[PDB]
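Chemist: Listed below, chain by chain, are the residues.
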Amino acid sequence: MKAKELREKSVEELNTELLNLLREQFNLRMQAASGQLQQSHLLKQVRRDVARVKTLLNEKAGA
Amino acid sequence: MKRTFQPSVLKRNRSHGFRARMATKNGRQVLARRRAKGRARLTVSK
Amino acid sequence: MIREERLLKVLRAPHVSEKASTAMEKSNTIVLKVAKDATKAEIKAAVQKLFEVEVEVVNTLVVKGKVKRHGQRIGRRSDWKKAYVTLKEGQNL
Amino acid sequence: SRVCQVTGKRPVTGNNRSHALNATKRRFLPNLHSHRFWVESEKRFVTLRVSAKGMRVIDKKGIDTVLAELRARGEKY
Amino acid sequence: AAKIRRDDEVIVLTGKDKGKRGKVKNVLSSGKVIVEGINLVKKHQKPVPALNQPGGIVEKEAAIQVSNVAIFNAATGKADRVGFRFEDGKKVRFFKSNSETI
RNA sequence: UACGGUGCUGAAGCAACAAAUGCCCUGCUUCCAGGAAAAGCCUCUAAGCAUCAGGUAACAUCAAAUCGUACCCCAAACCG
RNA sequence: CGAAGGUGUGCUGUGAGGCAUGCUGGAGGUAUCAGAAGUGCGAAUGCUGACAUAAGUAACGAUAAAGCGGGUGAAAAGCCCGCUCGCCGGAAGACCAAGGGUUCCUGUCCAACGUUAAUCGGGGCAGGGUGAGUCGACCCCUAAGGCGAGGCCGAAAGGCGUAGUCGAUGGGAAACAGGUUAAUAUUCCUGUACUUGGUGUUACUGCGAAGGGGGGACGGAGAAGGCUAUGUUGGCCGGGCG
RNA sequence: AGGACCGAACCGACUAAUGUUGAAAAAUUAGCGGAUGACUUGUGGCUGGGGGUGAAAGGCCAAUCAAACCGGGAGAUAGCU
RNA sequence: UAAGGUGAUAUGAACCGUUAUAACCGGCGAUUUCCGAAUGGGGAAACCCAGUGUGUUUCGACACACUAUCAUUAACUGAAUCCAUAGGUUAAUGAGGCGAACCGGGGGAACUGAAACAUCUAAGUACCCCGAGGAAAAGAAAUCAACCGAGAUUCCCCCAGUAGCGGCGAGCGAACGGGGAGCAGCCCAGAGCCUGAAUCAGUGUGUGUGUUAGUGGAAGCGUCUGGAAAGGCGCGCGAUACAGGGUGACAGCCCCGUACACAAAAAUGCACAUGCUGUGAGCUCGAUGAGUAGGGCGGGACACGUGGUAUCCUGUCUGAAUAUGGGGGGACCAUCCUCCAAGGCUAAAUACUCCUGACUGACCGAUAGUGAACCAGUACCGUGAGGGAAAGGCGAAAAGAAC
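Protein chains in written order, with this note's numbering: chain Z, 1 to 63; chain F, 64 to 109; chain E, 110 to 202; chain S, 203 to 279; chain H, 280 to 381.
Simulated from the structure, these hints should not be mistaken for laboratory data.
A few of these clues could be false.
Claimed, not checked - With a straight-line cut-off of 30 Å between C-alpha atoms, the simulated BS3-like cross-links for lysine-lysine are: (1) F/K109 / E/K191; (2) Z/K44 / E/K142; (3) H/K282 / H/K295; (4) F/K109 / E/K142; (5) E/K149 / F/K109; (6) Z/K44 / E/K191; (7) H/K369 / H/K311; (8) E/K145 / F/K109; (9) H/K321 / H/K304; (10) E/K175 / Z/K44; (11) Z/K44 / E/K153; (12) F/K88 / S/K227; (13) E/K175 / F/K109; (14) Z/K44 / E/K197; (15) Z/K2 / H/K369; (16) E/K118 / Z/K4; (17) E/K158 / Z/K54; (18) Z/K2 / H/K304; (19) F/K88 / S/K278; (20) Z/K54 / E/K142; (21) Z/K2 / H/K282; (22) Z/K60 / E/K118; (23) E/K145 / Z/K44; (24) E/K190 / Z/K44; (25) Z/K2 / H/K311; (26) F/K109 / E/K190; (27) F/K109 / E/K153; (28) E/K153 / Z/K54; (29) Z/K54 / E/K135; (30) H/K325 / E/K177; (31) S/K278 / S/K255; (32) H/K370 / Z/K2; (33) Z/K44 / E/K177; (34) H/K321 / Z/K4; (35) H/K297 / H/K311; (36) E/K173 / F/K74.
As the list claims (entries may be wrong) - Pair ranges (Cβ atoms, derived): (37) E/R112 / Z/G62: 21 to 27 Å; (38) Z/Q36 / E/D188: 23 to 29 Å; (39) F/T67 / E/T148: 40 to 46 Å; (40) F/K100 / S/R228: 38 to 44 Å.
Ideal placement from N, C-alpha and C gives every residue a C-beta, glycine not left out.
Working from the sequences, and respecting the hints, build out all of it.
Modeler: Next comes the structure, spelled out in structure tokens:
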């Protein structure tokens, strides 16, 4: 085992997905093409977080 | 003067295209032999 | 129905950021990079939601990738879509 | 297809031999004629392409037994 | 599974100066280890942006192979081999012919 | 005035004549060799329904997506 | 303390060859006796790669020719600018179609490319550029023809074909002037428009289809007549006084 | 009206010259023949190799034709080099 | 499993991690655009255009699910036509297409040899098509044998270039019988009794053994030359491990490993104490398969070319007996022997290798070995099917040459 997303297994995942996609990937992409230094690691982080939230949504649809 | 290759892509895709080869059984053997040879283009259309 | 916020990811890069793009901001419009499959109404609703602005029209052109590469290893740049989003009045950007 | 539909007779290849015994290929074809067969049980005429041997099988066995064999084969009338 | 750790006091067995001892700066995937003061190379560096902007000949560490280096025993001043000797998850390293945990 | 290219202002801006192989003209005439189809469009009913659906006019409002769009263009970008 | 290879020297055997060493070379080689061979090359108008020859010779691609000044540069006959010259001008002008696919524009560079030099280029390398309700495609329809459920026919593959469904080279709705970029225009802008649907409102009302009808809807030659694009000239206006 | 005439575009190819390691794997230059027809041309489609198509030449069927091109039988066979 | 990582060229930025939780490997999942059997329709592959329903609506529209064709079954309808049938519609279940070889079947050459060529041969080969499987086909005697007998099929070794067949030329070429490898037999035409009765399938957590992750794993120093020991010289130690590959030159003791011992969440393959379910044990007899055996005509296969020609198969025309019966024993007749035709199923020994793992080579070493050691079916050529290359080496370490 390397990481456990016990946070994701809780409820209300769809608004967290909208926060991770809407305005998060949007500002990181806009800022990145404008030219921002730290955003290189952050872009990969938010993309993998979107993947995690969507995997938990496919596993359970209650959230 | 006039040459053997006067190009027309409509005639090209109807004559030697993927759907033209996929309709006939023997053209499917042409596609299968090209897949067996390993070609990137099995059809001139792409 | 309004296209969902998931589909409001169509905006990719904020500017092509060139001289004609700046001249268009001087005139009225803003030049944007949008995905490939974004419809004009999708760019319209996307810009009105993500930015604060009211858009008059969207003009789309698909930009073709150059080869830009030497003969030993031939490559092709990816094609993309450029959106001129016209903001004649009610523009903060 | 030249198929007897009751006996399954079909064309068979062969050599048309000569006085010099030259083998040139020829085909032996079945004696198929379409005939209308009256089914007393069904009260309806059933039309089948049949060889003369197949008509002999029908007169020997009854059209119903041959019909059951045809439906068992899946062959259509 | 690594006899040589990320930070370990090691002594060379083959090539350059064998008697030299030092901490390993890093362990690389190629099988090559950079150790302090053991592989000095005079690098002629042209002016390059970010790192090494003035340029100039610099004394940097190249990497000997991991097989060449062996750990320096604390108890005795000789190179000693290292074995992994514990059945559960912690593969503890132990000094060979000395039987002390490293 | 970097002589590329920009910023301001601007007179007269009419008449006659000659005009196509272009338009009227899918017209007119003449001739045998007797010169596509279907949809759009208009109209009439059938089944069907009945202050309905539906039609027609006005008025308002919204939509008109997607692809191509550079360049060569009887040729240094096509075929040779 | 120098293995195979390469290159010399000496010695040696009838020979094929061998032995030793100098030089280079920088990891191998294999006494002796046996065994197995992809076991020996100078030729096959032999195959592949390298390099000569002719020879620094022919040629440098329509006999539409250029001269000079200035700029740039390490270098200018060929680049830029200027002034004269010549060439085409029912094109060697401009625009669509097909076809190609960034060759477009800007900066930079001159190794290969350009039959020469090249500062230049369609060359290299980066960065920009293609904006549509009215233009095409898409779409609605169909022609030749293609595919064709069922079907018929054929030893299997398959051939043909009804309903149908595709298929333009044809028939279907609609925008023009002026301005703009280094590169896009009937697309951006400015001005003045047009078309087809949806929804709602109001008024009135019998509406309604793989059905019927009309229309779409069509040849060749020829002869006017009217007119316009366009030209010439006059007037007008601005400048000239050679 | 004209398978009328003269003659551009257009289509063809009669003579000569140059070329023949060409500018060109049949062109260029001077002249030539048809040019309202049995014309020419664009865009699709159809006919497939002992087959097609042919105002007929063994012409044409991708610079290939008394039988195209591609792979297979195939290392055919070769009393010959 | 781990102290390092973010695939490579390919370095750098920005970060991630401490064996307790980063990467990496294994198993199991989720997602999985479009094209392609492509499957809602169409099409010039990777595109265009729909319908139906459910939601939501911002009324502009947005999502999701389904909608190909055929076979089978079931239902509900339903013509000419009167009962019905054809037909329609719906639901379910399957199939489709691809793949290197092996296997079975449908069709089937020619070059060639005969020193020509036509019978013959090549050869039922190449090729096309159809179909199935991990193997397939075959298979349980109307078989051989020779008065003795054996006992299904397949495969190997002889028999044996034998008997024969043959323009008796070229050539083709068995069988009997023996040695082995393997080796279980059945079932339905049919009732009663027994009734998971013995089996065979399906389905099974329990058991072992494998596979797909891994773990431990011995023992070397001093000196010399040298750039660097792995070489030398000396003295040791290990060895069920002196297989191999790296390490600055040749290392059993430097490092991966090696023999050897161990491990598997989870998913699977084999044998299963094996539970359950269903088909169906054995007993008496009546028969044991009719357009069939056979025949005539024309062909094909048998080693057998129609010959004295048995035997098998059928395109055409006929046609029995029926266990009092019928077939075979190489024209045919009698006797004797042997077997039951006109219905099926069946493992093993056998063939092959797209693919995977391990090991080996008197195999190759960059004009070789794959066409391809290499970003190769690529560049390139051709409208197309198709053809199809050249191209490895600095160094130990880039210490890749600051000035």
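Chemist: Please go over all the hints and tell whether each is borne out by the structure.
Modeler: Verification of the hints:
1. A threshold of 30 Å between alpha carbons decides the hint, and for F/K109 with E/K191 the separation of about 25 Å falls inside it, so the pair holds.
2. Between the alpha carbons of Z/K44 and E/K142 the distance comes to roughly 20 Å, so the proposed pair stays at or under 30 Å and holds.
3. Our distance criterion of 30 Å between C-alpha atoms is met by H/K282 and H/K295, whose separation comes to about 21 Å.
4. A hinted pair counts as satisfied when its Cα atoms are at most 30 Å apart, and F/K109 with E/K142 qualifies at roughly 27 Å.
5. Of the pairs offered as hints, the one joining E/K149 and F/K109 holds, with about 29 Å between alpha carbons and a cut-off of 30 Å not exceeded.
6. Proximity of Z/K44 to E/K191 is assessed by CA-CA distance (about 25 Å); at most 30 Å being required, the pair is judged to hold.
7. Between H/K369 and H/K311, the direct Cα distance comes to roughly 25 Å. Compliance with the 30 Å bound is thereby established for this hinted pair.
8. A threshold of 30 Å between alpha carbons decides the hint, and for E/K145 with F/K109 the separation of about 20 Å falls inside it, so the pair holds.
9. Between H/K321 and H/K304 the CA atoms are separated by roughly 18 Å; this keeps the pair inside 30 Å, and the hint holds.
10. At most 30 Å may separate the alpha-carbon atoms for a hinted pair to count; E/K175 and Z/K44 meet this at roughly 27 Å.
11. Distance hint between Z/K44 and E/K153 is fulfilled; the C-alpha atoms sit about 28 Å from each other, no more than 30 Å.
12. Distance restraint check for F/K88 and S/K227: the Cα-Cα separation of roughly 28 Å lies within the 30 Å cut-off, and the hinted pair is therefore satisfied.
13. Between E/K175 and F/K109 the alpha-carbon distance is near 18 Å, which keeps this suggested pair within the 30 Å criterion.
14. Between Z/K44 and E/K197 the alpha-carbon distance is near 37 Å, which puts this suggested pair outside the 30 Å criterion.
15. Among the hinted pairs, Z/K2 with H/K369 is consistent with the structure: their alpha-carbon atoms are about 17 Å apart, no more than 30 Å.
16. With a C-alpha separation of about 28 Å, the suggested pair E/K118 and Z/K4 falls inside the 30 Å cut-off, and the hint holds.
17. Between E/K158 and Z/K54 the alpha-carbon distance is near 23 Å, which keeps this suggested pair within the 30 Å criterion.
18. Restraint check for Z/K2 and H/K304: satisfied, since their Cα atoms lie roughly 26 Å apart, inside the 30 Å limit.
19. Taking the CA atoms of F/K88 and S/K278, the gap is about 28 Å. The hint holds against a cut of 30 Å.
20. Between Z/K54 and E/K142 the alpha-carbon distance is near 26 Å, which keeps this suggested pair within the 30 Å criterion.
21. Taking the CA atoms of Z/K2 and H/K282, the gap is about 24 Å. The hint holds against a cut of 30 Å.
22. Between Z/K60 and E/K118 the alpha-carbon distance is near 24 Å, which keeps this suggested pair within the 30 Å criterion.
23. Taking the CA atoms of E/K145 and Z/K44, the gap is about 22 Å. The hint holds against a cut of 30 Å.
24. A distance of roughly 23 Å separates the Cα atoms of E/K190 and Z/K44; the hinted pair therefore holds under the 30 Å criterion.
25. Note on Z/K2 and H/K311: the hinted pairing holds, with a Cα-Cα distance of about 27 Å set against a maximum of 30 Å.
26. For the suggested pair F/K109 and E/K190, the alpha carbons sit about 22 Å apart, so the restraint of at most 30 Å is met.
27. A threshold of 30 Å between alpha carbons decides the hint, and for F/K109 with E/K153 the separation of about 34 Å lies outside it, so the pair is violated.
28. Between the alpha carbons of E/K153 and Z/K54 the distance comes to roughly 27 Å, so the proposed pair stays at or under 30 Å and holds.
29. About 42 Å separates the Cα atoms of Z/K54 and E/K135, which puts this hinted pair outside 30 Å; it is violated.
30. Distance hint between H/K325 and E/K177 is fulfilled; the C-alpha atoms sit about 29 Å from each other, no more than 30 Å.
31. A distance of roughly 19 Å separates the Cα atoms of S/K278 and S/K255; the hinted pair therefore holds under the 30 Å criterion.
32. In summary, the hint linking H/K370 to Z/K2 is supported, as the alpha carbons are separated by about 19 Å, within the 30 Å threshold.
33. Pair hint Z/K44 plus E/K177 holds up; C-alpha atoms about 27 Å apart against a cutoff of 30 Å.
34. The hinted pair formed by H/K321 and Z/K4 fails the criterion: a straight-line CA distance of about 48 Å is larger than 30 Å.
35. Under the criterion of a C-alpha separation no larger than 30 Å, the hint pairing H/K297 with H/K311 is consistent with the structure, at around 16 Å.
36. Note on E/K173 and F/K74: the hinted pairing holds, with a Cα-Cα distance of about 26 Å set against a maximum of 30 Å.
37. Distance hint check for E/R112 and Z/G62: the Cβ-Cβ separation is about 26 Å, which falls inside the suggested range of 21 to 27 Å.
38. The supplied range of 23 to 29 Å is met by Z/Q36 and E/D188, whose beta-carbon atoms lie about 26 Å from each other.
39. The beta-carbon spacing between F/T67 and E/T148, approximately 45 Å, falls within the hinted interval of 40 to 46 Å.
40. Taking 38 to 44 Å as the suggested C-beta distance range, the pair F/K100 and S/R228 conforms, at roughly 41 Å.
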